[PDB]
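Pasting a structure below so you can have a look.
A single protein chain has been removed from this complex, and every other one stays in its place.
Residue numbering begins at 1 within each chain, and the chains themselves are lettered A, B, C, D, E, F, G and H in the order written.
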Amino acid sequence: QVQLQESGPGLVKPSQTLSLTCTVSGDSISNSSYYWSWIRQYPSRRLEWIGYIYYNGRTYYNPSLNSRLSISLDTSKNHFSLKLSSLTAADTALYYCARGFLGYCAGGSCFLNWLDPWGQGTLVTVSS
Amino acid sequence: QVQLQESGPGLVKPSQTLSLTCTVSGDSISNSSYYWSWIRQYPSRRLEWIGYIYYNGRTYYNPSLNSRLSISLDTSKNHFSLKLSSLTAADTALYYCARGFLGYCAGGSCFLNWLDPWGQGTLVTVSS
Amino acid sequence: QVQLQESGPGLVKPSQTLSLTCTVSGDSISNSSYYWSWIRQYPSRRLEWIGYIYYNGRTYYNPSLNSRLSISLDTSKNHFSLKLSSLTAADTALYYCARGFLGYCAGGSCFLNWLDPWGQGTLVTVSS
Amino acid sequence: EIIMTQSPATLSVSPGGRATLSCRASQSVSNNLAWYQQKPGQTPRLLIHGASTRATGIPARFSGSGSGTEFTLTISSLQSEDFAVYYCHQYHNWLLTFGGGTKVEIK
Amino acid sequence: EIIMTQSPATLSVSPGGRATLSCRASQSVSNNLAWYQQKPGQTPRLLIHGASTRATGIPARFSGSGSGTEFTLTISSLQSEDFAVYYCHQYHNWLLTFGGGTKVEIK
Amino acid sequence: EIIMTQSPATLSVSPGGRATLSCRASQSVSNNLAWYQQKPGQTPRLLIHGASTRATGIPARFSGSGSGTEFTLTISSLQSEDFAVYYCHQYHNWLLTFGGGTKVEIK
Amino acid sequence: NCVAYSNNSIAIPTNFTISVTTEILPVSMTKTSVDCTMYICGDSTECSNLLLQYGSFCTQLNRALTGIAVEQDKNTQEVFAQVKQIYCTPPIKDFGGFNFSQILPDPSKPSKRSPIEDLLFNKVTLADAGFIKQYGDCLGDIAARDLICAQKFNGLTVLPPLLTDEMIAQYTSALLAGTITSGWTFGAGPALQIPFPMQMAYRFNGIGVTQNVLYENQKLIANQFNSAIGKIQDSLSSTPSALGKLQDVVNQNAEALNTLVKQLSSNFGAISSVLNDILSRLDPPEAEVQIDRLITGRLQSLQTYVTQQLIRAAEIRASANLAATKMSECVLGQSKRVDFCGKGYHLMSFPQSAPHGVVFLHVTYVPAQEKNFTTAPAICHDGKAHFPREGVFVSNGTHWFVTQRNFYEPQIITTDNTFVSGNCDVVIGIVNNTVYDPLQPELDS
Amino acid sequence: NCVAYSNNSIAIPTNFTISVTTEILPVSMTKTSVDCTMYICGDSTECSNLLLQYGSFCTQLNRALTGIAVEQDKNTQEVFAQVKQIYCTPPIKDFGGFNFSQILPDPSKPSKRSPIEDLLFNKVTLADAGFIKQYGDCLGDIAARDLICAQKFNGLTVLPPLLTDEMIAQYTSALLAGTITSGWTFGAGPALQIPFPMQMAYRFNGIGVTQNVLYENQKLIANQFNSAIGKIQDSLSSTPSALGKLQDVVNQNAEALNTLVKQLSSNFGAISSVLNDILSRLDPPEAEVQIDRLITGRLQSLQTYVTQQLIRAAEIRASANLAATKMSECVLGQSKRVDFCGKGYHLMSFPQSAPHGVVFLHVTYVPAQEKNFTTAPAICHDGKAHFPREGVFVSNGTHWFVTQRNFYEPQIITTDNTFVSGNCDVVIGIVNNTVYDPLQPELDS
Partner (left out) sequence: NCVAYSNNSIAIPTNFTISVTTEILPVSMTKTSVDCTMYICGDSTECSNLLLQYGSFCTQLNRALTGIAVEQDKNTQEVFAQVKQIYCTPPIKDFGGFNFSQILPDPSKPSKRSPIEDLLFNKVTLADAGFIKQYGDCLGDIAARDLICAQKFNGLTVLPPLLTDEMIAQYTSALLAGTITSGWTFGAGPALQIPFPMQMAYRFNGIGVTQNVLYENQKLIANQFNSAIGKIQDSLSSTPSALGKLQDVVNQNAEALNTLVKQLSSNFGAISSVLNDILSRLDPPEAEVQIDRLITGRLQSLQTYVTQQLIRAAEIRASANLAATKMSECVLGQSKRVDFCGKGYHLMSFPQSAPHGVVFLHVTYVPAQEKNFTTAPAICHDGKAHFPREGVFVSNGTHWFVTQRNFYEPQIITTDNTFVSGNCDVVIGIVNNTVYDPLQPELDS
């Protein structure tokens, strides 16, 4: 089956840019049946959805961090990336990359299905 | 309100590539109500429109320099960029970045409204 | 008329990324009448189509290497690029960049016309 | 956004007993729910998708129920390895959201 | 493109007088005009948008008029700070264009 | 994909003779064919486009014929420089494909 | 079985049968209306704003359906409201043997509805669980429920008719009473009373049969009349395919609405067929495109239904115009048009109310028991040629008689019933015979 | 107020009233046509090229509207062009008291239009500032202006009818002159002249009233006739709702065009409702998509209008077929159909021209002043039974008379007006009375 592996700097200074990469093996990110999402987990067990990108490159972001965020994919290397800027101490969390299933699609829009599987998750600390 | 600040090399050799960046604060470049444009001013008080980019990334360029130009935006850092290649001595001007208001939109097209405000403007000299 | 010139590393290690660039002079890659394609030729005289990109940036790839490939264009410098990853010894070939004519277009789709002209062709060797 | 509330923040169940977990949505999420199991320090594992369609390889002891607003995950035979944090998740709306997680402690 | 011609390239007005500025389009730009003020070495400031809708914070002495092809900006009471270069600008067509600018000198 | 088969892999023609080259498609490519000439070590040169429309600057001795599935390129007067590899190419379907190439040797 | 033709034999009927033939014509259809916005955009403001960009399409469709619904009241008025005064039949049925109890209202019934209209209303039934019936449940006979009840059924609404089935039955009772008590006269003027046997006698004299035929066979004719109407009830009960034209209207309208509602389940190329999911599951910008696909499909569905109703309403209007013409000419008069008011020679007709329709019972005279007699065009008596005033010359084998065309009543050939023109040498087929002269026996004294 | 029924009393009218009832039928509608391309694509080549991809939709719609416009000339011809020769009334009005000056043309008027058609044309008015009128201004009565004038009004154009209102009035004058001077005969053959009192007498003899009734009441009948036509003018003037069927046609057509033009203001999901802005404000590639949305919406608007006109034109054609039937049967003849040519017994009708319509003035006989007399079906005199030849036996209380059905003219019961059949023991309700014999007094000398 598919396997997802995160990569990125574990310690980033505040007001720097966080760059995370999730390399996908066993599937192509251009497969029409998937969307690729980022989710962060806090120590309080709280899961927050960051954003996802469709196989064709359409991105949707959480409004809580819409002005700070971008997600892109690279078909050459089969990975999708996260860039989060204006980092604060509140961004310290455990970032997961996950594969979602797209549902019914028509007229250029799609319904979502569940996330399966999740990546191993990378821990990012925002401190000086 | 919004503030726009240009940045770039003031002296670029001819036949090199000019790179200008306009960082936007107080607004998100992904706000559906705006388009972001570049205008250059010559010593003869002549203003020339270079090109603009919609909040969603649709670019329109002046045909006078269509084959030399590209404009892009970066949602992570809230700035839009200008790349002008094949520089000659005639490109020496004062480059402004401005925020325009989009008008009525329907079916994937928009009418324009006025530019307000203009950035401080950066002076670019093309010489050896 | 138009002239196409390839550029890239003639010797790339296996499992590295191949980067080829075809600079276009005499035409703009944003001209609505063209699509820009990559074709590789093997010593057995076999020609294989790799992929093409429309003037507006729509890319179509050969399914034989769909998961390894990406093609992009840069309007500032009038060139389109090829990135081929997961290189093996079977990728040793002669890579041509060619200009194709678009046919009838309607509703966001186009029929193809012939390729004319071909670039000079660059030879890429995949070995340690 | 559809705020998803999981009623018991913690749940203490004797081994071999029955565990009942509840998830409440702010507005109708229809059958578009999923239940994820996260053992300590590991990736979340999909237990249930749809309202109640059990995922492949999930023991038949895991059973999900509900529609619209009230949803219930039930564990029929608490083995020693079922100690985990269980999250409900809705994919009805774009901007998918997760519950607070129920930590199923075992006595 | 819609070439926009501003008739007086320079205009000398006594302080406290009246200044009349004209802008002519190559083809109908409708009400889609704007007037920008550029004091020496500073950013252009929007005076008028639409044909004649004065922008917020602009003194009532600035008045714009016209429709279609002929447009006129008028300054009713030339203070000392109104010395600037005034540009008309049309956003009717895509490929927005600017006039040549009228430098309003003050005697 | 539309597999394109060129029947004679090699063809030996006396100078001043006639050369006949055949190209067969897997399914109907209609008039959407082209014939390319590749002299040794050089770029392919477009000879014929459409089914039979000769390209500009191509000698009238090159003639292409066919429609649908069977296509034929014919060289009416083999000069010394016509020794090359000739490829048929179809642009009917997206995912354009090329034939195996016929090397026209000259005796 | 060809008819043997000869140039000198005529077949004359020696008997008759009175028969009654039933005719059924639709007159109206259920006054249904459909709100455009509530059908296309169910309680949805985003859909309503997108629909406003299409202009007058909703208001054009509402005018069309409202116009059809108003035509239905006009149709019923034009047919039944012809009688100007509510006449009533006498309590005693001393009509001379004629039994109208099958077509007159029953005081014993809970409604003033005749025993043939009882079978008519109990035999025309609308669809089971159809929206026409289902609407009756949420409306609960309360007019204030219309807005809420219409909201449940996707904007569909049924309007009550201006004439109820009870009022329509009352008009047919006035038409029936006027016919039995005054014949033609209540249709053309004041209701001039006339005894029914004398009225029937003038129906006979209209079709060309002398009035003495009725008065001498009055008991037999009354029995034939009564038996014929008695057969109507059995014919309607034992044959449920006799009310097919009225059921056809009801079935066509029911099938139209059912298809109109099921169109709401179609995707029409959008992402979903339910507006709530498009708005609650999708990005707010991404919803207008999907709603436009639904709006286009649902608007086209409504346009299709409206055009069909317009064409069908015209068809029913044609039938209603025919029923009004048959009311005036068959019921209020005696038609000389041959197959208009039944087959045979028209005597009279009786209107019976039916759901969205009318039933006519056409009483007609049918010749029976023909016999063939030798005939001649003229008679030679004194060198002069004698032609019948009315009727035909016939011969029973040895003697010549003059008799009426439609009944064998032989009479002695006399100057009274013949007229003289020309002489014997001109007419082809002339025969020699005696012509009686009533004055001679008086001079013979 | 029921009619009292008894088996031996008959009500016979002792008087009559002549009455005139007005009937109004539409015949045609304004010959409007709409160019598809000029409506959808106003002087625009880019829109025209995009529209060409839809095939024959424009040319199909133009054929439909042109077909409707040609039906309108056929309708007017079928109704009015029935008269083959332009007969004329005599200058002197010595018709025996009958005053036709209200329906005959006036030499004093600037047009040969009668004083009732004067009120008809002055009472049917088209919409104020309507396109039908507005088109008359840019056209300036010059045929060469049609292409430019049609360009102003978005392709809408009105075509002149083949028969002008003056020619239509001339045909009704020929129909009127033929009726007054020759009765039935100009409709079936050559115009056989007949004096009007004798013509009217045969109208009486048609409805079943003897001709001597007219000649003995000729002055009274002429007064009733004149007063009835005099009331028509007041009835039309004092009631402006009498021309509602003709206004309905004009209002429906005007409302159709107004809605068709206002559809041009709708966006139909495009970026703007004006084609010039889409082409002048937007990128040349980005314009085709917006124009397609406008083309789809405007093409659908035109299709809706055309289908409605097709259905409506069929409705007017049905009314025109009825007006032609009423012209032949009410004006050129005397109808036996009861409510066809007015209520009462039809005597004659007069056509009057009206804008896109016809008005019929139906002259009818209405019984009045009924009286009830004892009646019997037959008379016993010498053991034989006597039946009336025409009419009914009535009794004033002591003596028996035989009288006609529709008028109380009592006559002595005589062998002349009775015929004998059967004997006394068969007929039910037979009465004993004397039957006069004209031969006996001659032998009594």
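By our rule, a contact is a pair of C-beta atoms (placed from the backbone, for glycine too) under 8 Å apart; a residue touches a chain by one contact, two chains touch by 3 or more.
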Full-complex contact with the absent chain, from H:42, H:115, H:130 or H:197: H:197
Sole contact to the chain not displayed, among G:42, G:190 or G:377: G:377
Of G:121, G:202, G:387 or G:436, the residue in touch with the unshown chain: G:387
Missing-chain contacts mapped onto chain G: 1-13, 259, 262-263, 265-269, 297, 301, 304, 307-308, 311, 314-315, 318, 336-340, 343-345, 366-368, 370, 372, 375, 377-378, 385, 387-388, 392, 405, 419, 421-422, 426-429, 439, 443
On chain F, residues whose C-beta touches the chain left out of the figure: 27-28, 92-94
Touch list for chain C against the chain that is not drawn: 60, 104-111
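Please note the rule applied: only the chains that are shown with their structure count from here on.
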Centroid distance [mean C-alpha coordinates] between chain E and chain D, Å: 65
Distance from chain C to chain A - Cα centre to Cα centre, in angstrom: 30
Inter-centroid spacing, chain G versus chain C (mean Cα positions, whole Å): 82
Contacts with 2+ other chains: residues of chain F: none
Contacts with 2+ other chains: residues of chain H: 267, 269, 281-283
